[PDB]
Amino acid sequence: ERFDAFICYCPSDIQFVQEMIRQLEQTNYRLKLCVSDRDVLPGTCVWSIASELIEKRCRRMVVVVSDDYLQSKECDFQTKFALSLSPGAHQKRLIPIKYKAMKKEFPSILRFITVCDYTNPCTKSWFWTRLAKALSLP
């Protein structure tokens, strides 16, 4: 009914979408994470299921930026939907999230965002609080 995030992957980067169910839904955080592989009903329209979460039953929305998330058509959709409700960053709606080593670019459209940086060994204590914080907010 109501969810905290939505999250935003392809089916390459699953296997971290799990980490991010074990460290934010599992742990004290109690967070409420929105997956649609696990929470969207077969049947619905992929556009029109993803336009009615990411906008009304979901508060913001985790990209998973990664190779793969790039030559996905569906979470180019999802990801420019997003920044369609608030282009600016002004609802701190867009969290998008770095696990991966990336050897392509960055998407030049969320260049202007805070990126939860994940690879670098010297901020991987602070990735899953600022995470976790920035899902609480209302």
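So that the term is clear: the rigid core is the largest set of C-alpha atoms that superpose within 1.5 Å between two forms. Positions refer to the first chain, counted from 1. What changes on going to the form deposited in another entry:
- Annotation for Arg38: C-alpha shift under 2 angstroms between these two forms, rigid core superposed.
- When the rigid core is held fixed, the Cα atom of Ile54 travels 2 angstroms or more between these two forms.
- After superposing the rigid core, the C-alpha of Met102 moves by less than 2 Å between these two forms.
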The other form holds:
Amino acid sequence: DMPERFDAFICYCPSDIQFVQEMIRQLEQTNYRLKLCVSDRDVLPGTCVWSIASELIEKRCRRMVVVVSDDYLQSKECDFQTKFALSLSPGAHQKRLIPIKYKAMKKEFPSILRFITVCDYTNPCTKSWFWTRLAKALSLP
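Okay, that's the form deposited in one PDB entry, but what's the structure of the form deposited in another entry?
So it's only the chain below, everything else dropped.
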């Protein structure tokens, strides 16, 4: 049934839901069998993701995937993600946050995501086994 522990929480704003659906579906098709959660799984019919209470995320989720876009930068989710990131010990950010950009942006990354490496889905050179390498990163202890 519902995991007590998850490989990742996926943080995203509603405007980006189509990418999240693609992402979860592709991750689910790798061999990695990740436990993924979101705030509300009801808006992601067809996937295996779980809903989780926001106050449990830091305790129960090894990492947080952050879907970054222009719309995200203006959302309520980005505010929550920023508070979450700031709660982490310096040096913990690179390990526990995985930002992912899927399309062009007119805006710069938020202060706390600028320094960490980004997963750039738009980059032609990432095109090799993209979802498998992401799954691998998420499975790591």
